[PDB]
Amino acid sequence: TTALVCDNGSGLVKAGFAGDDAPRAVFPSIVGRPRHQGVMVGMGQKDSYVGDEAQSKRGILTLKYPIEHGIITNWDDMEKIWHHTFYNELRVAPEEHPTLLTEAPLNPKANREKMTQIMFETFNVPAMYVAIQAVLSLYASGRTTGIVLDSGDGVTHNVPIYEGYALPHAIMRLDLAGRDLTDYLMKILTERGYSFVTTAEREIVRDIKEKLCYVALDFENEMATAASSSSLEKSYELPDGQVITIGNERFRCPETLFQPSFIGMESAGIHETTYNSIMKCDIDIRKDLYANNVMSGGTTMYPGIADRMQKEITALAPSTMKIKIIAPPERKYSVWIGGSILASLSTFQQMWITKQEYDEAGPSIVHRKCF
Amino acid sequence: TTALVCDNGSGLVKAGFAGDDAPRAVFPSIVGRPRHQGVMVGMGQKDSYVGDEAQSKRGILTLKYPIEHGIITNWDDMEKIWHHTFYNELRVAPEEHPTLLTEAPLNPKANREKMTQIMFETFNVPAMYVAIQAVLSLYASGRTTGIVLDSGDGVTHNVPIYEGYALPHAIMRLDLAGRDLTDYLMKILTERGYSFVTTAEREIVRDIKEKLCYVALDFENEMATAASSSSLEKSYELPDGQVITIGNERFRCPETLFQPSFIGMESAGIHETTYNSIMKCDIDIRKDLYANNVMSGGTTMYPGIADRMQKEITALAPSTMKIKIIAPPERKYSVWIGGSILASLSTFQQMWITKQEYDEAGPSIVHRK
Amino acid sequence: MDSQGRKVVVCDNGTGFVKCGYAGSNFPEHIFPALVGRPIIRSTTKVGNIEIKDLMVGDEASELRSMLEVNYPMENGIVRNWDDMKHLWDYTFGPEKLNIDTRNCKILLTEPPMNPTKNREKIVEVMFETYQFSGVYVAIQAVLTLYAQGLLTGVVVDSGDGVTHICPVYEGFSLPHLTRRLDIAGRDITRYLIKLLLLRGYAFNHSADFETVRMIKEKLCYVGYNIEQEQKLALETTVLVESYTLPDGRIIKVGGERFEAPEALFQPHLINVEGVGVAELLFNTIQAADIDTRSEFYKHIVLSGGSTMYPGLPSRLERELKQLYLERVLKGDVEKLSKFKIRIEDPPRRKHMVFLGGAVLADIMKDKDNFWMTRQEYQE
Ligand SMILES: Nc1ncnc2c1ncn2[C@@H]1O[C@H](COP(=O)(O)OP(=O)(O)O)[C@@H](O)[C@H]1O
Ligand SMILES: Nc1ncnc2c1ncn2[C@@H]1O[C@H](COP(=O)(O)OP(=O)(O)O)[C@@H](O)[C@H]1O
Ligand SMILES: Nc1ncnc2c1ncn2[C@@H]1O[C@H](COP(=O)(O)OP(=O)(O)O)[C@@H](O)[C@H]1O
Ligand SMILES: [Mg+2]
Ligand SMILES: [Mg+2]
Ligand SMILES: [Mg+2]
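Those sequence lines, one after another, are chains i, j and b.
The first sequence begins at 5 in the deposited numbering and counts up by one.
The second sequence begins at 5 in the deposited numbering and counts up by one.
The third sequence begins at 1 in the deposited numbering and counts up by one.
Because the hints were derived from the structure by calculation, they are not lab data.
For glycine and all other residues, C-beta sits at the position ideal for the given N, C-alpha and C.
Check each hint, because a few of them may be wrong.
To give a feel for the contact side, a few chain i residues facing chain b, derived at Cβ under 7 Å [unchecked claim]: (1) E195; (2) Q263; (3) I267; (4) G268; (5) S271; (6) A272.
Per label pair, the in silico range of CB-to-CB distance [unchecked claim]: (7) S232(i) to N370(b): 24 to 32 Å; (8) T66(j) to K61(i): 29 to 37 Å; (9) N370(b) to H371(j): 50 to 58 Å; (10) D286(i) to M47(j): 46 to 54 Å; (11) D286(i) to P130(j): 44 to 52 Å; (12) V43(i) to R191(b): 22 to 30 Å; (13) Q121(i) to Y202(b): 52 to 60 Å; (14) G42(i) to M215(b): 31 to 39 Å; (15) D286(i) to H371(j): 29 to 37 Å; (16) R191(b) to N128(i): 50 to 58 Å.
Chain i on its own, in the form it takes in the complex:
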């Protein structure tokens, strides 16, 4: 048999088989329950809906995310999504396939201990592993040195890696990601009078965000430009043919990646957080990290985020040296690709956790193997 790769993203679950180039399942990590008690019979068929049917039916459904800020929050619903992945999306009996899962850095330790227990005691997998998402991005980039900015649905984190060694004290984490940018977009549109609020309707703001938002390369110049011309305004058609309009809200939304004070965070922005992590590595390493910024994860898809990042870091770093932002188009799937690579290598096959190890070590084994 061949291993599965299952990136338990905060936003989209991405799953498939090790060795393939792109995931054979992608679906939203949501669980939906009906708003209204009034089932009929036969129809009204389930207590809860998972993944794509919960997007499709969403007008009747309260949607909850089992993952918040990269930590599993509702294990019963998270188990439901894993069950859905293997038995409905992949149609695989997991008892005979090794499954590589993923995690964000600096999570609670109890998170991955509970995670590995379910794999061995509910899905009774032969083997599994729990790789750090940023490390996987370098596999998809085909390189062994660089600083990975991964910013997903729920967490932004930086792991610097040099010559194949991580530098665990320079890792930095910032709980801004695609969720908070959507809630901020959902806020700022009240200035127009476009209320939304409903958790179903947040999925529409999410789609508005993906299709119209961009990062200004000079925020204050674009703000003063939006005061002058309609040129930035783009309309959007809601599902009922109400056409909303959005202007400077297009770029104020992702700007709070760089000015977290917009949503009351005290943190520095993503550019300065990256720079601070380089200035936490040794002098000889820094020369290489500046050349090898690797962006990863969904929110790095905003138009212009590469240029804005490159502009900002070159203003903080010493001017005598090249800074380059590596940003392939497939950087949304980097983490799944990097998992599929890792699980294919012959040198990896020795380091699976296996049932025979879990049976003697208990759940704590994950703190011993997966480093």
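Guided by the hints, dock chains j and b with the ligands onto chain i, whose structure is given.
Here is chains j and b with the ligands on its own, set in the frame of chain i:
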């Protein structure tokens, strides 16, 4: 008339008149600025807050320390803390009191110069002097020989002194200190899923550090007992009434002093750097340094640190001779107390840099006294 | 008034009620409903010698409503018809009430928080381009109730007619990223009360009926303190069934509807608003604030506006905040809850604490410079 002794710690400013035995004001070396727009008439709305005032209004302030690693990184804020100290804490006009300041060894000389410019040009002090913190500590302990281990909020340093002669070549400095232990405690608490990322919340993690942490006497036995019987866990109550519990974090945190690879810097721990400072001294002096190993500064207040220190040095040094870790109860103030003594001595009264001498020779006179 | 003899009026233009008087007053002059109406003939109602003008406003429109089509010029804090709002303002400053020579007055308005942008722009416009006021200001609902309470710290729970807002303020610093809007307010409880009285077999459908059911609400409705015991009381015994007399003299019986209707504030799904109720939505606001500010916010919950006046709302709101705190912060340490300090400031004057707050603020700042927007600074 009385001298004015002012220890500008990286964490706590400690100031008071000479000729008495404890600081008259101790307050944190913090300035804060409003993070939000004020929207009501008749609030204070000061552009900054200092010390205990900023610490109380902490919920709506960004907090900055003007000193980092014993270097004054923002002079505009540092003069603000001195201004608060003289006029509001000591309630004294500095124009009438000669002032004794303190500084760490192996520190950029521009710091001492600029500090002295401020005193003579802004506060008009009639005379002033700058003393090495580790040498002051021996005065408080009442002796003329020993190796002094200061560890403050921002810096750790070793200074051996024998019969009142310093050995400048044996001075060793290590920027691991109470700040790095705080940031490291913040990091490891996330393993239990707490979060303390703001600058305000770091003050709560500092308060945890001061209240719960202790140094392991044998680190692997504490790890093994924590992971099995788990009787080591202690609770703590947050400002909002949430109760956290922490376990082996209580001793993994200060163990960084002995294993700084936890933070990732390759240096020796405080024990082995102390041993190296002795082993750099001449053979005859080594005997008396082992007998007078004097701890100082607040980071040495951890329970068990004096015990662990003796255990570690005795594993390194020849077994034929005694090692005694001197650790008074007052070791938080041994730096300030030393200044109160030195400024009171009748023999010291010629050593002040007088305003007339500064006017003739500028800030560079600090290098000559 | 001002030193220059200029009258300093203070004016809340709520979606329910205009509340408009002079600065420094302890009471509002001239409470009246924000209403406009126009004469119509009904074949089912008596016509008489009472003169009905071709348009009527405010109090008169609400009492003659039995022969009027009636409109609320403002909804959810947003102006729907600027023409009817002009008429309502023309009545407010008119000979009926505050008979002011507007061109010489200073006027303090208020605007709801996080309201639409062009709403405020057109409000400020008309004050300088039709009434020609000598000075304007647009105060914030949250800070005004804090002036009426004399406080500098608290979380306001302003529950007006159109919408309910939670707004933290700490030591006079605003916390605008913590503002929370709840869509349920007193207009929807009245729409909900109609829908329940329809289930007892009554009918209320005309524009004039909407005001009548509002008065039924204000007289009879109350927030249940412990919803299980209120349902038990209604099922076990008849005592809740209380009569009311419509203007047509038809007697209606009102029963458990008295507490079912206000309950939408705490179980929003009952009126198809998705979300969590005012108690939980408030709690989720405190738990978002910086950790040490939380213990002050719990000691200064400030209620404001008429939809808080339901008998028992502070008592109920205390209970849920305590249950939320025991559940989510103390993790069930029910003995430790006894140390929790919580205060709900429930002044009986709170129905007008926004206007009372403006009268304090305008009296403190009647003659200062940087406060009032002058018509000299306008039109640039
Ligand atoms: N084209 C796009 N432009 C900007 N943001 C996007 C785009 N597509 C997706 N996103 C954001 O990506 C986030 C998902 O990140 P992703 O890495 O796919 O999930 P996870 O981080 O859970 O693995 C979503 O919240 C969405 O808002
Ligand atoms: N009882 C204690 N246990 C552990 N650490 C402490 C204790 N008291 C103070 N500290 C820490 O020591 C530092 C303050 O000590 P201090 O000697 O005043 O530093 P400095 O003099 O350099 O400002 C802070 O980091 C504080 O958290
Ligand atoms: N005694 C009362 N008990 C409960 N609700 C009331 C009472 N009196 C008035 N109300 C409600 O409160 C509102 C009165 O207007 P107000 O509180 O001034 O709101 P606004 O200031 O937003 O216009 C109306 O929605 C009315 O239904
Ligand atoms: Mg991701
Ligand atoms: Mg010190
Ligand atoms: Mg109101």
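Right, here's what the structure says about each hint:
| no. | hint | verdict |
| --- | --- | --- |
| 1 | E195 | holds (5 Å) |
| 2 | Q263 | violated (12 Å) |
| 3 | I267 | holds (6 Å) |
| 4 | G268 | holds (4 Å) |
| 5 | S271 | violated (13 Å) |
| 6 | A272 | violated (17 Å) |
| 7 | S232(i) to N370(b): 24 to 32 Å | holds (29 Å) |
| 8 | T66(j) to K61(i): 29 to 37 Å | violated (46 Å) |
| 9 | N370(b) to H371(j): 50 to 58 Å | holds (52 Å) |
| 10 | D286(i) to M47(j): 46 to 54 Å | holds (47 Å) |
| 11 | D286(i) to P130(j): 44 to 52 Å | holds (48 Å) |
| 12 | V43(i) to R191(b): 22 to 30 Å | holds (27 Å) |
| 13 | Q121(i) to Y202(b): 52 to 60 Å | holds (59 Å) |
| 14 | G42(i) to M215(b): 31 to 39 Å | holds (33 Å) |
| 15 | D286(i) to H371(j): 29 to 37 Å | holds (33 Å) |
| 16 | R191(b) to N128(i): 50 to 58 Å | holds (55 Å) |
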